[PDB]
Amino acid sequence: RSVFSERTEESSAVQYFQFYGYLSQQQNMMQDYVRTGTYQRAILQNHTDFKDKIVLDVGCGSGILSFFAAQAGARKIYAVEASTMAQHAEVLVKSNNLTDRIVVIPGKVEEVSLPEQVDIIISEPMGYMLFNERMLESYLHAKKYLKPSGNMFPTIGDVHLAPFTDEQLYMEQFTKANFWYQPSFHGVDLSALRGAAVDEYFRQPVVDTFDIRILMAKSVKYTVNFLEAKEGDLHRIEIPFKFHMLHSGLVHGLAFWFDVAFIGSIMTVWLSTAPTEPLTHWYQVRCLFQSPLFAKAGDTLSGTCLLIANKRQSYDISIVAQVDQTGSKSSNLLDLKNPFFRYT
């Protein structure tokens, strides 16, 4: 019926689009200054990729990126938005007197019609850990509207992963789960659920930020080129790694962040969510190992991170790792859809 509805449980989609229907949620993204400001810079400083061009904005939300394409001289911008935010975008197009130049199209990019092909697709479809929400697939799907040799902004995306040590983060999981380790909570022995409580906490990726000192080796990266990639390429994402340990300690899990590059005619501009960069609404994400691993500087931490896309607009994450010198091993399964938002 639709590529979107095929890969998506209606229940997930309803919530998803209701969330984006809220002005406050659009506002939450807009106020991310690093995010919004870099998009603006990327577009305006590459004004020749936009001047008198035809543009598609995939998931326009408020319209903000389409207004930036207009500030850069675009002739015609089709702004597609699946949520009821489309109605609000439309109100802005009129009140900013850009009816001749921005056409808001309510609906899913997998289901609407465009009148013509475009020179360039712009989007902000990045979830935490890059891939969450599965909107990158919508963005790739949109290339069916892209004129041969058209461009995409952003053009490529890099995921970085790196091992970390954070003993307190690790212990918090047990302190939380040990609520259940009591033989008489109002006369009830809860102990038998302690293991299930631990498993539940460890299945949640942790969204928050951290001092770079916790990282124990230089990151490995996995790159998606949005010009070349097919939707199908994001269904099963396998990220091998061989870390060369810069520091000795207990490895408690892997940390994830991402960068995107806008590769324009005039310049490449980068948007980075790295822990070395000022903070964004994406923070960073950490996947704990339920059994941590000891490594000494010079050892190799090798393994695989596998993300398997699911019908709830997220991924099932599987991380397997070992210290090559000792053979000690840790396996972990996480649900990217249900992160723990730890940050204050």
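Rigid core here is just the name for the largest C-alpha set that superposes within 1.5 Å across the two forms. Numbering follows the first chain given and starts at 1. First, how it differs from the form deposited in another entry.
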Given for the second form:
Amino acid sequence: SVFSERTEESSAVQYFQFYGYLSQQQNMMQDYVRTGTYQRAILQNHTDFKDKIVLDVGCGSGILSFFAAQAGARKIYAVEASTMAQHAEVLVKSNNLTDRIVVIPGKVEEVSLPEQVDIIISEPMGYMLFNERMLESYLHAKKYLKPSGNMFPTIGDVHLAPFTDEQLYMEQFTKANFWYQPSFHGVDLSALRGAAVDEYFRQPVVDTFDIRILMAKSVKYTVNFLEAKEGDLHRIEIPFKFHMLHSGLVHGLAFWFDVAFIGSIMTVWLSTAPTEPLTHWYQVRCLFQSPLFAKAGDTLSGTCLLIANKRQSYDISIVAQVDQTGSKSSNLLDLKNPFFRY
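Form deposited in one PDB entry done, so how does the form deposited in another entry look?
Here we give the lone chain, stripped of any partners or molecules.
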């Protein structure tokens, strides 16, 4: 399929085994901001569901399907690829909704649906929006969408901003410096220090932070899911140009995202910004191996380039330069192996 061609089999097994656990389902459902915002987006746009056909892409436990049912959908096809499908079917029976929710086991790239749908709903966002590459399956499912059909969420904004955090930089550098030791039980490890720093700094840091550390207005990159094709997400180029508001060492870039549910009645936002209440996505920070010194008024420019890989993630390349001084930094991150610092 379109799914097995872009996905190493090893990565798919680990991925669907992880989402087959009820404990993981629980962890996600207990995020009140996530769950409540989805429910609000769906129930406040009830006209977009009432007597319509809906597709739920990666239904999980089946919670979004239940919300579409609460809003008055005629029928909901809830497609799910893990063994979680069997547990969803149990819930559909015990909440007396077999007349309205049909669980279809399989990947959305491989199953067959009896009709076209009026609207597609999903929670495809990962860390930094793009991790897990579930946006591709969400976009692929537009093949079942009637003309003039809607998608929930409808748009996604990735936000990035430069940050200063000496203590985070020093935690990571200190761990790597284990490999400086000229005589670890009589053995010199120091020839691996370079490799060790690379490995530590390749890992993005997932946790929250005070907005006081951000040193510029954020830059926005927008994906419109109604218009995007699957292929737009194999290579994502995000140019940026920050105007620094504070002088200091810039230790890397912080990422967060917003999605919007653009209904007929109203638009609802789900934000993972650090100014907003916390979600289980936190925020994500990509440290530079060497910090860059920038004076207030200076311009920090460059590119964030995400290239999709077969382990359902992205290789991230960030190249940044201070324009006034020509101080440059280049960094490669591996979004599959993040560091959960919370």
